[PDB]
Amino acid sequence: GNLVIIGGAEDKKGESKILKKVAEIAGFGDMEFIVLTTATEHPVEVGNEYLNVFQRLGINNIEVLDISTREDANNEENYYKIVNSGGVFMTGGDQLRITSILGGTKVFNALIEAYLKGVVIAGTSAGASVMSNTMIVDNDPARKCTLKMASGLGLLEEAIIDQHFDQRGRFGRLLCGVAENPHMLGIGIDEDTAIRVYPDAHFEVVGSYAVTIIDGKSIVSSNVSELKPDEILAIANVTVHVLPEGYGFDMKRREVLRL
Amino acid sequence: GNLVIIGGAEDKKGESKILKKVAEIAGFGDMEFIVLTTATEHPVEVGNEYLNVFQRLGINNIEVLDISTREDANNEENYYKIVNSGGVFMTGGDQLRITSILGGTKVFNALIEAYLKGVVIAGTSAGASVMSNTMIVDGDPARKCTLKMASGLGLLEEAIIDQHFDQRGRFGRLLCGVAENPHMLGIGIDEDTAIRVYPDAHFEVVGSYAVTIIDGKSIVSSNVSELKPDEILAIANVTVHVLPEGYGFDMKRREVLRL
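As given, the protein sequences belong to chains A and B, one line each in that order.
Counted the way the deposited numbering counts, the first sequence spans residues 7 to 144, 148 to 268.
Counted the way the deposited numbering counts, the second sequence spans residues 7 to 145, 149 to 268.
It is possible that some hints are incorrect.
Simulated crosslink set (DSS-like; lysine-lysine; CA at most 27 Å straight-line) [what the hints assert, rightly or not]:
(1) B:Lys23 - A:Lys237
(2) A:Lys123 - A:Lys23
(3) B:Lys87 - B:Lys123
(4) A:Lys27 - B:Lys237
Hints were generated in silico from the structure; no laboratory data involved.
Next up, chain A with everything else stripped away, as it sits in the complex:
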């Protein structure tokens, strides 16, 4: 499927390059465009801001779904609105609010069906973290692992997504996560930066700053399995990429692309 995974604090007032790319992929409203505010405790403000930005970018057929209870998440009206949409955008908030309210519900199945039909699923901040199978949950002392992870939506199968990556401790905790299971690709996305993931398992960077990619398959050793909460992480032979707009990544071969 088609994903847009956004690092948070994206431009909602100026050029809005990332949201413009989302609107472009969605078809500008040909089929209804849905904004899902589940993650936040301020769904009216947030819903209205995204509503205004997407109208300004040319999407007229827009609905904001305030799915805030599991009852709402099992309302078949919302199932049908999502499976018949031209695109879904998940706003920020808390990752566990998204999973605890949508996991196991009809809305969740609607998102997965839409995704499999080629409907663009986009999300920013928490709405980005939840796209991986196992996600990082937002305690982060430097050089230590105080990491909490949880199951996500699993739209992106073999990656751990971290956002707001120009924040103290995000590199360290994504590195902890990759060390715990080097099978997972670590993808740290800066604010006002995003990756667009294509059905052929490559993505392109879009936006103002950079995406840090942590590839643990080169790892020779680590002490993560022996580590106590106050002890310093050791790790040998991590592969790291930093990709700004114009670059991409082949996730099957784990190779950096210039576009």
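Since the structure of chain A is already known, use the hints to place chain B on it.
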């Protein structure tokens, strides 16, 4: 060829593991131990603090050299104090003060001679930065290269040393430096953390946190040569190690060691 390269803000009040290791290597002042305060504009306070700490740790024969002019640096008295010392400790301060006052002087030659005879040379903060051939000068912006470098003492031939490394942006600028010339090994040292470098070109981590090692030889590409001051760095296939106390590094093979 014995170096102790300290990341700054080392423990001067408690266990003082790093300074105690410096004391052990120096021989506890059988030959005079020299504290060199050139880097700082507060040589009496800084000198006295190191004087009291090193006496508490068992060094009996200590002298603090307040070398603040090039005239002082060309006094044969200071040449002989250094070449006949049991160890030299360069305090923190500003790196360019060390090089601009000591470069081309008798004291510089004395430090190099003592080092070549096996006298331990230690330094912290600015005193650590100056040990590389090309050193980073302190003045930041995320994902950009605003790096300024300068000539150092060159006691550690193929490395760029960065200190206080848990401060925002140090990882990014050391990555810029390694990108500019992947021949150089990037060594970022945390506060109250150090490396002990041995004549056989391996070093051991001593201290409370970690040393980040950036090996650029694996780099596939970067855009650093085409980069304008406000543009985002791109880099592919950087190798990174993070080593806490008890780990070390073989600089000939670029391999992590566990000890």
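Each hint tested on the structure:
1. B:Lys23 - A:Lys237: Holds, because 21 Å separates the two Cα atoms, which is no more than 27 Å.
2. A:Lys123 - A:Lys23: 25 Å, holds
3. B:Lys87 - B:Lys123: With Cα atoms ~14 Å apart, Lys87 of chain B and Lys123 of chain B stay inside 27 Å; holds.
4. A:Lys27 - B:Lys237: Cα-Cα ~26 Å, so holds.
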